[PDB]
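A single protein chain has been omitted; all remaining protein chains appear in their positions.
Naming follows writing order (A and B), and every chain is counted from residue 1.
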Amino acid sequence: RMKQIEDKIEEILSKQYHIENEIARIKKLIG
Amino acid sequence: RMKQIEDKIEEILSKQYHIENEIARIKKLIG
Partner (left out) sequence: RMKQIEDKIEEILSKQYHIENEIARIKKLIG
C-alpha cells in the first residue's frame, strides 16, 4: 500500500513539473 | 494514517486537474 501511494506521488510530481513547464512557455509567449 | 494520506492525494489530484483546465483556458484565450 505504501508503494502504491509512492507511485501516485511520482505521477503527481511528474505532472507538476509538466505544468510548470507549460506555465514557463505561456510566460515566454506573453513576454 | 494511510487513509489520511490517500485523502490528501485525492485533493491534490483534483486540484491538479483544475489547474490543467485553467491552463487550457489560458492557452485557448491567447490562441
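The working rule: contacts are C-beta pairs under 8 Å (C-beta built on N, C-alpha and C of every residue); 3 or more make two chains touch, one makes a residue touch a chain.
Undergrad: Residues of chain B in contact with the chain that isn't shown?
TA: Listed in rising order, the touching residues are 1-2, 5, 8-9, 12, 15-16, 19, 22-23, 26, 29-30.
Undergrad: Which residues does chain A use to touch the chain missing from this display?
TA: Residue positions of chain A that touch the missing chain: 2, 5-6, 9, 12-13, 16, 19-20, 23, 26-27, 30.
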